[PDB]
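As a plain string of letters, each chain reads:
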Amino acid sequence: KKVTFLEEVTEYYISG
Amino acid sequence: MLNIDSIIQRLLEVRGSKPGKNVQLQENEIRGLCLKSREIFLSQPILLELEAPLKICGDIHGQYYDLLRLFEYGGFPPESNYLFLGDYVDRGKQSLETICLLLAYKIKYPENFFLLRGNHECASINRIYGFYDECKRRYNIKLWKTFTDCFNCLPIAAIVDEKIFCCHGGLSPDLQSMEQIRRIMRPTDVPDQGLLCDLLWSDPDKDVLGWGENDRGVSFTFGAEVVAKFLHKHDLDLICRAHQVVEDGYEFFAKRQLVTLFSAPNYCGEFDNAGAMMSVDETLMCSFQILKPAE
Ligand SMILES: [Mn+2]
Ligand SMILES: [Mn+2]
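Residue numbers (the numbering used here), protein chains in the order written: chain D, 861 to 876; chain E, 7 to 301.
Honestly, I wouldn't trust all of these hints.
Calculated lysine-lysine pairs in the DSS-like style (CA-CA distance at most 30 Å, straight line) [what the hints assert, rightly or not]:
{"#": "1", "chain 1": "D", "residue 1": "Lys862", "chain 2": "E", "residue 2": "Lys148"}
{"#": "2", "chain 1": "E", "residue 1": "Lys239", "chain 2": "D", "residue 2": "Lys861"}
{"#": "3", "chain 1": "E", "residue 1": "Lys151", "chain 2": "D", "residue 2": "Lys862"}
{"#": "4", "chain 1": "E", "residue 1": "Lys114", "chain 2": "E", "residue 2": "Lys99"}
{"#": "5", "chain 1": "D", "residue 1": "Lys862", "chain 2": "E", "residue 2": "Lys142"}
{"#": "6", "chain 1": "D", "residue 1": "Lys861", "chain 2": "E", "residue 2": "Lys99"}
{"#": "7", "chain 1": "E", "residue 1": "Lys151", "chain 2": "E", "residue 2": "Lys99"}
{"#": "8", "chain 1": "E", "residue 1": "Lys142", "chain 2": "E", "residue 2": "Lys99"}
{"#": "9", "chain 1": "E", "residue 1": "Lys142", "chain 2": "D", "residue 2": "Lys861"}
{"#": "10", "chain 1": "E", "residue 1": "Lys261", "chain 2": "D", "residue 2": "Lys861"}
{"#": "11", "chain 1": "E", "residue 1": "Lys42", "chain 2": "E", "residue 2": "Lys148"}
{"#": "12", "chain 1": "E", "residue 1": "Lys235", "chain 2": "E", "residue 2": "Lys169"}
{"#": "13", "chain 1": "D", "residue 1": "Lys862", "chain 2": "E", "residue 2": "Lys169"}
Just the calculated beta-carbon pair ranges, DEER-fashion [to be verified]:
{"#": "14", "chain 1": "E", "residue 1": "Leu41", "chain 2": "D", "residue 2": "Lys862", "range": "37 to 45 Å"}
{"#": "15", "chain 1": "D", "residue 1": "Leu866", "chain 2": "E", "residue 2": "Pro193", "range": "37 to 45 Å"}
{"#": "16", "chain 1": "D", "residue 1": "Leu866", "chain 2": "E", "residue 2": "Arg192", "range": "30 to 38 Å"}
{"#": "17", "chain 1": "D", "residue 1": "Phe865", "chain 2": "E", "residue 2": "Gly200", "range": "31 to 39 Å"}
{"#": "18", "chain 1": "D", "residue 1": "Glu867", "chain 2": "E", "residue 2": "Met7", "range": "45 to 53 Å"}
{"#": "19", "chain 1": "D", "residue 1": "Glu868", "chain 2": "E", "residue 2": "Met191", "range": "25 to 33 Å"}
{"#": "20", "chain 1": "E", "residue 1": "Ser183", "chain 2": "D", "residue 2": "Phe865", "range": "26 to 34 Å"}
{"#": "21", "chain 1": "D", "residue 1": "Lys862", "chain 2": "E", "residue 2": "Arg188", "range": "36 to 44 Å"}
{"#": "22", "chain 1": "E", "residue 1": "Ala234", "chain 2": "D", "residue 2": "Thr870", "range": "27 to 35 Å"}
{"#": "23", "chain 1": "E", "residue 1": "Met184", "chain 2": "D", "residue 2": "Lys862", "range": "17 to 25 Å"}
{"#": "24", "chain 1": "E", "residue 1": "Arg133", "chain 2": "D", "residue 2": "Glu867", "range": "39 to 47 Å"}
{"#": "25", "chain 1": "D", "residue 1": "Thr870", "chain 2": "E", "residue 2": "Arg192", "range": "35 to 43 Å"}
Just so you know, these hints were derived from the structure itself, not from any lab.
Using N, Cα and C, we set each Cβ at its ideal position, and we do this for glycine too.
Take the sequences, apply the hints, and build the full model.
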């Protein structure tokens, strides 16, 4: 196998 | 004999409450988590050999409601496999709930859930930076000593599908064969210097060539070529580590040959950083989920 990376980052906001 | 299900149910039932709400397990239950998890840690390798898919998390530092959010987005065990890279306690306000949930999941799903040792899972450090105080306040000194004996048995590193090397801190100038890690005997404290210290304390630095003295006052810094040589000698693709606050929760080093993960958003309420979790799929494609602090 070979490590690869997804370009798209998923973001969540934590209010408070 | 643990009622692990009862303990986990009580730890999870505070989800949705105003952040800061405590879980008050019985002292004997917490002791039980320590005793049983120690058995499991000692029965498993000190250098874990893990198979993807799994999710990897960095420092938590007692930020229990942030840990709950990580599971809410990542999936509660055993929906997803987890590897945590250490530093479960100190600084945050709910180290007890944090380490209790993690130990409980380790006991319930010992081949789906994994915990490495960080530099705060060490008595000389967590006596000072909050965990001992939390233990003494809510329970007693004896319980803290029980945690210490448990922490002394945590594994030190993990390799995911022979390609991703994981530890809390970083590389060591002393490290030539993985066998050196395997031959570390447990229980052990973390020494002030040497291989085990470095694995829990060292940092990458873009301005160092070779090894340097670490500004922390413990262990070393290492540069990008040290990383490249390490990956080539051991036939690895990636070093995955934690230990440093990074603004976006994850940060690459040395042309993506190393990644730092930190999973405690707005650390100490001072840094305003995001926390990240790295998902590794069966093909070893890595992707990032980040939790960004908002007002
Ligand atoms: Mn830390
Ligand atoms: Mn650390």
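Verification of the supplied hints:
1. Taking the CA atoms of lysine 862/D and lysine 148/E, the gap is near 47 Å; set against the 30 Å cutoff, the hint is violated.
2. For the suggested pair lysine 239/E and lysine 861/D, the alpha carbons sit about 17 Å apart, so the restraint of at most 30 Å is met.
3. As the CA atoms of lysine 151/E and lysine 862/D are separated by approximately 43 Å, the hinted pair breaks the 30 Å bound.
4. Of the pairs offered as hints, the one joining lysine 114/E and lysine 99/E holds, with about 25 Å between alpha carbons and a cut-off of 30 Å not exceeded.
5. A C-alpha spacing of about 47 Å is found between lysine 862/D and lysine 142/E, which places the hinted pair above 30 Å, so the restraint is violated.
6. This hinted pair does not check out: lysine 861/D and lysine 99/E have alpha carbons roughly 41 Å apart, beyond 30 Å.
7. Only pairs whose Cα atoms come within 30 Å are accepted, and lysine 151/E paired with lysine 99/E is accepted, the gap being roughly 19 Å.
8. Straight-line distance between C-alpha atoms of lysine 142/E and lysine 99/E comes to about 14 Å, which keeps the hinted pair within the 30 Å bound.
9. For the given pair, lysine 142/E sits about 48 Å from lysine 861/D by alpha-carbon distance, which is inconsistent with the 30 Å threshold.
10. Between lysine 261/E and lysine 861/D, the direct Cα distance comes to roughly 19 Å. Compliance with the 30 Å bound is thereby established for this hinted pair.
11. Under the criterion of a C-alpha separation no larger than 30 Å, the hint pairing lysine 42/E with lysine 148/E is consistent with the structure, at around 17 Å.
12. This hinted pair checks out: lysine 235/E and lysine 169/E have alpha carbons roughly 14 Å apart, not beyond 30 Å.
13. This hinted pair checks out: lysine 862/D and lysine 169/E have alpha carbons roughly 7 Å apart, not beyond 30 Å.
14. The hinted range of 37 to 45 Å is satisfied by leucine 41/E and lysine 862/D, whose Cβ atoms lie roughly 41 Å apart.
15. The hinted window of 37 to 45 Å between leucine 866/D and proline 193/E holds, with their beta carbons roughly 39 Å apart.
16. Distance hint check: the CB atoms of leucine 866/D and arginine 192/E are about 36 Å apart, consistent with the given range 30 to 38 Å.
17. At roughly 33 Å, the beta-carbon separation of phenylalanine 865/D and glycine 200/E lies within the given 31 to 39 Å, and the hint holds.
18. Taking 45 to 53 Å as the suggested C-beta distance range, the pair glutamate 867/D and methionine 7/E conforms, at roughly 49 Å.
19. Between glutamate 868/D and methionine 191/E the beta carbons are some 44 Å apart, a value that contradicts the proposed interval 25 to 33 Å.
20. Distance hint for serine 183/E and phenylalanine 865/D: a CB-CB separation of about 28 Å, consistent with the stated range 26 to 34 Å.
21. Remark: the range hint 36 to 44 Å for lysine 862/D to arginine 188/E is contradicted by a beta-carbon distance near 25 Å.
22. A C-beta distance of roughly 29 Å is found between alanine 234/E and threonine 870/D, which places it inside the suggested range of 27 to 35 Å.
23. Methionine 184/E and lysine 862/D have their C-beta atoms about 20 Å apart, which keeps the hinted 17 to 25 Å range intact.
24. For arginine 133/E and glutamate 867/D, the hinted distance range of 39 to 47 Å is satisfied, since their beta carbons lie about 43 Å from each other.
25. A hinted range of 35 to 43 Å holds for the C-beta pair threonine 870/D and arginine 192/E, which are about 37 Å apart.
In this structure, the earlier hints numbered 1, 3, 5, 6, 9, 19 and 21 are contradicted, and the remaining ones agree with it.
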